[PDB]
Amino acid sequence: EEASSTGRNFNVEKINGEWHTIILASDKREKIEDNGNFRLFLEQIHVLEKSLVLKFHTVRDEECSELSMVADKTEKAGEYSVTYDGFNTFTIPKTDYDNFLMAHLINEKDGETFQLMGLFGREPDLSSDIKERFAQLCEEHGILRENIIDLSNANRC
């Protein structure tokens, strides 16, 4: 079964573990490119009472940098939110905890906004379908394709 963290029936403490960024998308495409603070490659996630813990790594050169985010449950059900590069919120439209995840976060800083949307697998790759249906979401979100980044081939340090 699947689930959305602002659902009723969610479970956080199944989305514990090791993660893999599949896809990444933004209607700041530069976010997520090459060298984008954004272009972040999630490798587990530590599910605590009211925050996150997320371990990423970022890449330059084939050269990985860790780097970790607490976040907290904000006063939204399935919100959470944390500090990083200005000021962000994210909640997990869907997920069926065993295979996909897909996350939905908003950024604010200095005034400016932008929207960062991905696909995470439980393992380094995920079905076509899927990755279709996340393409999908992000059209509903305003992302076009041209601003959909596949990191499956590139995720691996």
Given for the second form:
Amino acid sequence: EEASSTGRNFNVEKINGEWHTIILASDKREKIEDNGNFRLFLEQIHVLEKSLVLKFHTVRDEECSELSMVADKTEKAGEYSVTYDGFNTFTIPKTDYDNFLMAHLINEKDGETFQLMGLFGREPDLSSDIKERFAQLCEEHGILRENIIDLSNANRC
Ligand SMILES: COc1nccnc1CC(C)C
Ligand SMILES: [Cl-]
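Mind pulling up the form deposited with 2-isobutyl-3-methoxypyrazine bound next to the form deposited without 2-isobutyl-3-methoxypyrazine we just looked at?
Next comes the full complex, and the chain you just saw is listed first.
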């Protein structure tokens, strides 16, 4: 079964646990390139009553830096907000809970904005078919494939 965080049948408890960043995509590519602040490697999602605790790490000169963020539910069901390199809101347009999770995030900083999309997997990689479904979701948001970066061979410290 699959669901969207904005959907009626969404079960947030089921996204709790281990996750890995498989692919990141953005209409401002610099944000996810080397040293971009959004080149984030997810490790875990802890589901709480009204928030999600996100554990990530970034990498600089082959050195891993841990970071934790708390995302709070907003007034729209399935949407969360979090302060990080600006103000962010995000939703999960599609997840099957057991294998993949696709997220769409809007960042706003210094009066600007950009879209960030992410494909996260329970294991350190996902099938080529799920990677293709993710490229199609990115296309529905106006994000070109050339702005989609597979990080499955760069997600372990
Ligand atoms: C694009 O998705 C994201 N990107 C950066 C930070 N958080 C998210 C939300 C996910 C982890 C649910
Ligand atoms: Cl489509």
